[PDB]
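The chain below stands alone and is given in C-alpha cells; this is the form deposited in one PDB entry.
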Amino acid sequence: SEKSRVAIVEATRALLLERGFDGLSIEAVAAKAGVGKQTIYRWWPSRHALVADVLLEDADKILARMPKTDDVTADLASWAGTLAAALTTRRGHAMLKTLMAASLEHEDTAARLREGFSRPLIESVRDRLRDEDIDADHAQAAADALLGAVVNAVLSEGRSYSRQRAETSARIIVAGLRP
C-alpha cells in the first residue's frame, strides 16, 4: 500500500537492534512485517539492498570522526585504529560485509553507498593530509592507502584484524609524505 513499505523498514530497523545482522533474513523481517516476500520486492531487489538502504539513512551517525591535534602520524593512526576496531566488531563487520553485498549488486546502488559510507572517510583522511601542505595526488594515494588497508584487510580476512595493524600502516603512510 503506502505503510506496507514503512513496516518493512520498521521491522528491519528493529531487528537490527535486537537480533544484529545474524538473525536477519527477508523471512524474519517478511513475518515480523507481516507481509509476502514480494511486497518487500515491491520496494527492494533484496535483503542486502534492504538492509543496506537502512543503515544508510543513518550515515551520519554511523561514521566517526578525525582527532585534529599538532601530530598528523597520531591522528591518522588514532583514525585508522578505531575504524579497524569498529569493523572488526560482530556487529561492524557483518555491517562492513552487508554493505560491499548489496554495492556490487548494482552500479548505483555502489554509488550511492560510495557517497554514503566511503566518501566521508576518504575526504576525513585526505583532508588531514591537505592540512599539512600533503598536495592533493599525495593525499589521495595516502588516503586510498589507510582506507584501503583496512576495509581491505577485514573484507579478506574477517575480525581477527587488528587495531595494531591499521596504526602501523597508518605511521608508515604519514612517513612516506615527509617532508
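The term rigid core refers to the most C-alpha atoms you can superpose between the two forms while keeping them within 1.5 Å. Positions refer to the first chain, counted from 1. What changes on going to the form deposited in another entry:
- The Cα shift for residue 45 between these two forms, taken after rigid core superposition, is 2 angstroms or larger.
- A displacement of 2 angstroms or greater separates the C-alpha positions of residue 16 between these two forms, with the rigid core held in common.
- Relative to the superposed core, residue 162 shifts its CA atom by less than 2 Å between these two forms.
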Second form
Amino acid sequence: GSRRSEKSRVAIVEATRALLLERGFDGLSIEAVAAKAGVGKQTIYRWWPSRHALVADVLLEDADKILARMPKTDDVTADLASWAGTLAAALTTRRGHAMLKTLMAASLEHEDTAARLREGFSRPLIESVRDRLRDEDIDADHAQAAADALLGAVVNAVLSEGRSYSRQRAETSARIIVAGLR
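The form deposited in another entry, contrasted with the form deposited in one PDB entry above:
We keep it simple here and write out only the one chain, dropping partners and molecules.
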C-alpha cells in the first residue's frame, strides 16, 4: 500500500527551517509551512503531533552545526577553554543564536521536546565536560557543578545578551572553573 513521501517530508523540513530563520518560533505557523512547501497541512499533522515535535526534529538534524569535538591534550585548562570558546562562537553566529533561541522557546513550551532536544544538545555537551574531567579524576559532584557552570555561563549569557557575548568571557569562565578544581 501507500507509504510516506520523502519529497514532501524534505520540503516540509526545509520550509520550517527557513520560516524559523526569518520569523522565529513564535512567528511560525503550520499554515505558512504548508504553503511554503506546497503541501497540505494534513501531511504535517499526519506525521508530527505538534509545531513542537516538528521544530524539534528540524533542530536535531542540525545538531552537528553546534557540537564540535572536545580537544584532548596534556593541558586540560586549554582544552575546556578551547571547547567553551568554540561553542560560544557557534552560539553567536546568526543561525547559532536563532537556533539556541528557538531551542529554548520550544523547550519552555513543551516538556517532551525539552527532553528530546536535551538528549540532542544539553546532554552531549555536559558529558563532553564530565568525561574530560573524569580523565583527570575529579569527584563527580564537582565535575557536575563544573560542567554546570561552564555550559551555563555560555548558554545563559548568549540568551541574556546577544551575539555581542565574546569567546573571551567563555574561555575565562572555563579557566576560573578549572582552576577551582585543585
